[PDB]
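Use the sequences and the hints to build the structure in full.
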Amino acid sequence: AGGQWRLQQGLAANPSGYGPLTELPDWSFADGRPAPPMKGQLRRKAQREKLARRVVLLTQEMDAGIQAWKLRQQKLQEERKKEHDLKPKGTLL
Amino acid sequence: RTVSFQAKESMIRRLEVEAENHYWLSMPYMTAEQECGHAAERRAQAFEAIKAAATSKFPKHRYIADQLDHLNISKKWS
Amino acid sequence: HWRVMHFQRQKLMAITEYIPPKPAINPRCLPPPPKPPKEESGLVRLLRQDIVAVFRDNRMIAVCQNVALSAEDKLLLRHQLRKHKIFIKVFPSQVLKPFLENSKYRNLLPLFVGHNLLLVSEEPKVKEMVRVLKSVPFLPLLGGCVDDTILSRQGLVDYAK
Amino acid sequence: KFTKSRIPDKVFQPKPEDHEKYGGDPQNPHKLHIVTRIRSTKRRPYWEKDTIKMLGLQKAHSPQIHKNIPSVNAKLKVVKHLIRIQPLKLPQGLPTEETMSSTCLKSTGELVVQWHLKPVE
RNA sequence: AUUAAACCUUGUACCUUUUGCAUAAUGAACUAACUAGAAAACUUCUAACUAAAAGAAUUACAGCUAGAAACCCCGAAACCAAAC
RNA sequence: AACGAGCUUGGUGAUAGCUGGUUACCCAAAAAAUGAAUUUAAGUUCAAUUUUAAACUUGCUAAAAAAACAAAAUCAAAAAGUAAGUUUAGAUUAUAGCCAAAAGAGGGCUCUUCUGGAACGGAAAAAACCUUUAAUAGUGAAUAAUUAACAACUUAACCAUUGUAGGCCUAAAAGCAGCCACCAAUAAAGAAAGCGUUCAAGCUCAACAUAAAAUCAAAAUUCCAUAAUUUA
RNA sequence: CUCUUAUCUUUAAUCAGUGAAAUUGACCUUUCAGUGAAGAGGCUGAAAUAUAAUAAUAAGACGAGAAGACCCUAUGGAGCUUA
RNA sequence: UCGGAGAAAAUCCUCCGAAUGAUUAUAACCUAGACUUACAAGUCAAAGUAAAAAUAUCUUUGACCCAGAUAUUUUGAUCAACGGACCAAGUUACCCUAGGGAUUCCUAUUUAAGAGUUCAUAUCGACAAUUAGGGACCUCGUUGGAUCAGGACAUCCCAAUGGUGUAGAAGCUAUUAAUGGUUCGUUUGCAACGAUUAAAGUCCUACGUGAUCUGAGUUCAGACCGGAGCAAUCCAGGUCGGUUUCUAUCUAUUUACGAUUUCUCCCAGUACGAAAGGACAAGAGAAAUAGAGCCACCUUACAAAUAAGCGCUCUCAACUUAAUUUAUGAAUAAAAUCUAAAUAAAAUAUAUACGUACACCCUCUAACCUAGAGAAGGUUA
Ligand SMILES: [Mg+2]
Ligand SMILES: [Mg+2]
Ligand SMILES: [Mg+2]
Ligand SMILES: [Mg+2]
Ligand SMILES: [Mg+2]
Ligand SMILES: [Mg+2]
Ligand SMILES: [Mg+2]
Ligand SMILES: [Mg+2]
Ligand SMILES: [Mg+2]
Ligand SMILES: [Mg+2]
Ligand SMILES: [Mg+2]
Ligand SMILES: [Mg+2]
Ligand SMILES: [Mg+2]
Ligand SMILES: [Mg+2]
Ligand SMILES: [Mg+2]
Ligand SMILES: [Mg+2]
Ligand SMILES: [Mg+2]
Ligand SMILES: [Mg+2]
Ligand SMILES: [Mg+2]
Ligand SMILES: [Mg+2]
Ligand SMILES: [Mg+2]
Ligand SMILES: [Mg+2]
Ligand SMILES: [Mg+2]
Ligand SMILES: [Mg+2]
Ligand SMILES: [Mg+2]
Ligand SMILES: [Mg+2]
Ligand SMILES: [Mg+2]
Ligand SMILES: [Mg+2]
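Residue numbers (PDB author numbering), protein chains in the order written: chain j, 22 to 114; chain o, 25 to 102; chain I, 36 to 196; chain Z, 35 to 155.
Quick caveat, the hints were computed from the structure, so don't treat them as lab data.
Cut-off 30 Å, straight-line C-alpha distance, at most; resulting in silico cross-link-like pairs (DSSO-like, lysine-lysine):
(1) j:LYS71 <-> Z:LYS87
(2) o:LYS32 <-> Z:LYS55
(3) Z:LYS123 <-> j:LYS91
(4) j:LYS91 <-> Z:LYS111
(5) o:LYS32 <-> Z:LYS35
(6) j:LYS66 <-> Z:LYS93
(7) Z:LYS38 <-> o:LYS32
(8) Z:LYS111 <-> o:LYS32
Right, here's the structure in full:
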């Protein structure tokens, strides 16, 4: 229940997805010392960072790719506009 | 077999999701020409990793300590 | 012989069924579209002239109800009236209304209702009309105008004398 | 005979109303796809099975980032019916080395670079 | 599962086969004991010594020597020889 | 004491391409029932698959033009998404499928080609349809498929006279046996539309007048969940 | 036989003594309709339903036993006859 | 076995040929790379060398072993079951083992040319309609009876009705209804026949039903004819003879009902009808069968005080409903209309509202009993 409504609000459809309820720490020592990070959170942090790096890599390759094609066209344009030697005519050349 | 009301809606919902999929596949960021070669280096390195592992198979080292450590099975308090 | 369709195909048919557009208000419940200009058929215009002609030609117009008497017996009345040079005219009432609405005769509209016959002549043989009326007892007379004067049956009887 | 299908090109030519409905500009197209598998490849032909593994969509409801380039799009069109394609959006820009560990992909399709788990205030 | 043995809920015995299917068809009253994979030509692994290895006869253009590693049980109608 | 050929011992642990059986745990991979030959189709050998180990390098998806055809596969530049592939050494088992959906060919079966399937959920029970990436412990959560579905609308008042029983074999056929053309009067009426016909007279419809409306609709044991038309 | 009956004996049944056989996966062993291989005590859906003996019936448990019947197979036999 | 051709890469799919010869300028050796192919076998070929001074041109098949012929080189298969055993046929019902199996015209609707003197639909009815239901060649593919029946209605009789080419009476056709009933013989492989009946229905229930019984076949061991075969034997050809047993473990079952039909009489020889002929309904009495009982008589027994039928007696009501027919009455201006309008009625077979029966509350040493297997039950001055 409530999956679609949660999606409209920008939340995860499943309350067990991304949010304070799951991602926040579940306990800490009475003295106040923070608890060791939960294994699920550590895994989830690892996967999220792995996806973040992939986003950077693909964009750079595509952005670097278009610039390569851009400068290549200039060379083709320059190659066409070239000539050498001279152009005599008439009865001798 | 008359088709149920719930059955009809669930198909329509899926069709709308696929209908949107049409829209997002209609605007390629790069053209076919621009694509050529932009990922050549990464592909080249990836295969080298594949080959290196494949051609690196060899037996493992053997140590004297493994064989001699068996004598510890008869270790005792004097 | 119909062959059963795969359920997935049957689902496809159900969702792709034609849906008609639905108006918010029924056209019948809405006010009726105004009538376009009508066309006069070649029955009213020609008959209109006939109504004009009979009024112009005949000074006296007296009205009597149609008796639904056998046409074999209408003939003898027509023949008897023809011998007295008095003619019979019958016309559709509805096309007779517009002229009777706007004409020299406008109080005869109640008379010109239902099946009727018209007593038309050029001479006021009004006394003889009763004699022709007396020939067939059951036929009544409703009234009309004699010599351009509108009067009822009882007044006509006094006028006849 | 059940065989691989070639879609007429008109399907992938959008209409002006489509841009308004989905809110995507025909210019400045998005760069990266967010693709999730939402159906099973069981009871589907083997060629559809192959592409799903090539694209990394073996697990359902787990998003994969892909390039919005024609070659990738060709594979996606093969399995269009088994997936949901959502444009990746970067409200706060690309993640940097500092923010690479603080990202989060929202259901809206937006990759935020700062994730606090605190009331917006 | 339950406070509660039974009530409530879930649940088409086993083996063998049949097309990968059991409401099929075989087999089983139950207990105890007995009751069915065995060989080294080539290959692989582990060592000795090495242009040589092997305690005689054999192999050898890195080989040769040794070790370890393997291939079921019950059942016909019959046939033949000699006795009764 | 079961002779188409006695009985006992031995050959003998006869042989059986046939039936039956073939004893601990855990992990991993996995064909297909295809082609070929066979006194071969209840079997076997080879190919093909699968598999273990090793060597080193491209494989899979895709694949423009372009040829080959006639006017969707074969081939496979560049790329891209991806991680498999080739070769050497060793090795069995297998070599009868089943059902659904497409295309054909013999004519519902029977074959050939292509795709999918083997729930612990659903379709009532349900190998084969649909939802379903493995395996776990938890008195958490979001979802998938999901046998149900919401009888029928120009014709209503009145009248019907006459040229003429009109040419015609027809006894006779006069609107209406027959055949013939197919105009007259009448404000209003067919040289007649269905009836009736010894034949005709005869029953109405259309004529005139007055008269109101307005295309199809989703058998045999004993019934078999109970029920229910509206709360967003 | 129409059309069966009566009586007596054997058997039966109760009591006393002795005491087998085929058979048997386990059973806490129901009816109806559906499903399914012509097929259901055990599956689906309805229904019925304190627990146990004794004596009877034979619809079902493809009821239990035989060296039965029919057809096909094996590079299994055997008897007989020949050209 | 192989080759050619269509379907087109399937087929018991449809055709033509070959186990070739002719023709000759005679057509070597050697050798890259390929085709085809499980294996085996089968194809194409550059370069080089050598003969000559263009290839052979038409367009296929048989392995190994083993035998031949020669001066090295050659030849041997309807081995056609054509991957080829060096050389072997029938028959078995006298049989055995190992297994695998099985056990077109109806009928109902739609249409309606023609039949019906006239007149489509009283009764029928071409051409058709219905996703409407049911039943290579010559040869040949379990069911009777007995017992007891359960069920369907697509009704044979009994009952209620519409129509008629229904005067009456006989008939024909339709609707509703499953109520109880639906015989005894002759012929004997069933197919007709005789005599009756109110009628002698059509079907489902693994021939409904062989652990209830029984006949024939399936069908054999014996034996004959007729035919086939040299014979042994054979025949989906005749005939005669010919042995399957079961003690019930489980489920299921084992204690009441309120009736059906025919005939005679009366109505009445009336109604109807020219006559001939000839009825309804209402009423009365008889039988038959079925069910339930009984023993005064009769009859048969125990040559018992009882049991039996061949003897005797008793059997009934319908709240509510289908086809159909009336009354009032709107939609629909009627002195219309039986109403999937509101209404009032009549009208099959069914059945259980409604009654009969049962109810009681339990002494029992024992004896006796018209109660009974046991137990239970009844009786006791
Ligand atoms: Mg068997
Ligand atoms: Mg003996
Ligand atoms: Mg053996
Ligand atoms: Mg065999
Ligand atoms: Mg052979
Ligand atoms: Mg490539
Ligand atoms: Mg449901
Ligand atoms: Mg005893
Ligand atoms: Mg019990
Ligand atoms: Mg019980
Ligand atoms: Mg049943
Ligand atoms: Mg049950
Ligand atoms: Mg008993
Ligand atoms: Mg029984
Ligand atoms: Mg049996
Ligand atoms: Mg064989
Ligand atoms: Mg070869
Ligand atoms: Mg050459
Ligand atoms: Mg052969
Ligand atoms: Mg052969
Ligand atoms: Mg061959
Ligand atoms: Mg004999
Ligand atoms: Mg009966
Ligand atoms: Mg009926
Ligand atoms: Mg029986
Ligand atoms: Mg005898
Ligand atoms: Mg018995
Ligand atoms: Mg009477």
